[PDB]
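Visitor: Starting from the given sequences, assemble the full structure and let the hints guide the process.
There are 2 protein chains.
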Amino acid sequence: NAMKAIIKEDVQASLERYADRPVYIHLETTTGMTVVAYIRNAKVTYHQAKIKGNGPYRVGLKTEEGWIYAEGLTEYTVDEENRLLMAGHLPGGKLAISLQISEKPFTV
Amino acid sequence: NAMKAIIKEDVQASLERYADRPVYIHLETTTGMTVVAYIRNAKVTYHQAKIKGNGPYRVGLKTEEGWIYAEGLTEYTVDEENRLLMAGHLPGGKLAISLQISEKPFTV
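Heads up: the protein sequence lines correspond to chains L and Y, in order.
For the first sequence, the numbering used here gives the first residue as 1, with consecutive numbering after it.
For the second sequence, the numbering used here gives the first residue as 1, with consecutive numbering after it.
Just so you know, these hints were derived from the structure itself, not from any lab.
Each hint can be trusted.
Heads up, the list lumps identical chains together, so a pair's fine if it works in one copy or across two of them.
Below, a list of computed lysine-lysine pairs in the DSBU-like style, where the Cα atoms sit at most 30 Å apart:
| hint | residue 1 | residue 2 |
| --- | --- | --- |
| 1 | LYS4 | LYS94 |
| 2 | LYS104 | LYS4 |
| 3 | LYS62 | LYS104 |
Guide: Structure representation (structure tokens):
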């Protein structure tokens, strides 16, 4: 739980860090928890990235020929492996989301 | 709305059709609708694929070095462009999901 409330500018700086080179992505949505949609270790290269909103937040990544988008993000951290981990959880709607970016495949 | 109730064996046959060659994927989850998670035109090559359950259904695709998974699918079709379109909608929980596979990028 090194997760901390999102600091917009720090996340933006972190996203630009991983732009223009191949990275692995984990994008998952859960509900009430049961998994709804899940993509793990999708390999992509994005050239533009932006975190928007004032809380919760939404992140959009423009890939080679597509898009990766996540809304409802409220917390994050950059771990010892330098992986940008972001997440959000709405206790009322019982909805959770996770978007993680790493230079290496996600395992355990 | 050419969407029709899922026929497990037909979907399975369709999934195996796109296995082992590069395809484009659209995977999206929405709620109450507002988009929650979205990946459009992710390019992947999956070697194993299976639709499970008895209704709703869940589809798992094993990619080169990751996974694509969607639960709550109830309807589908294969359109004129030979694209496998699948979706599910839970009016009670106000949750929707879409998983689409195509040999070409998704546009309009």
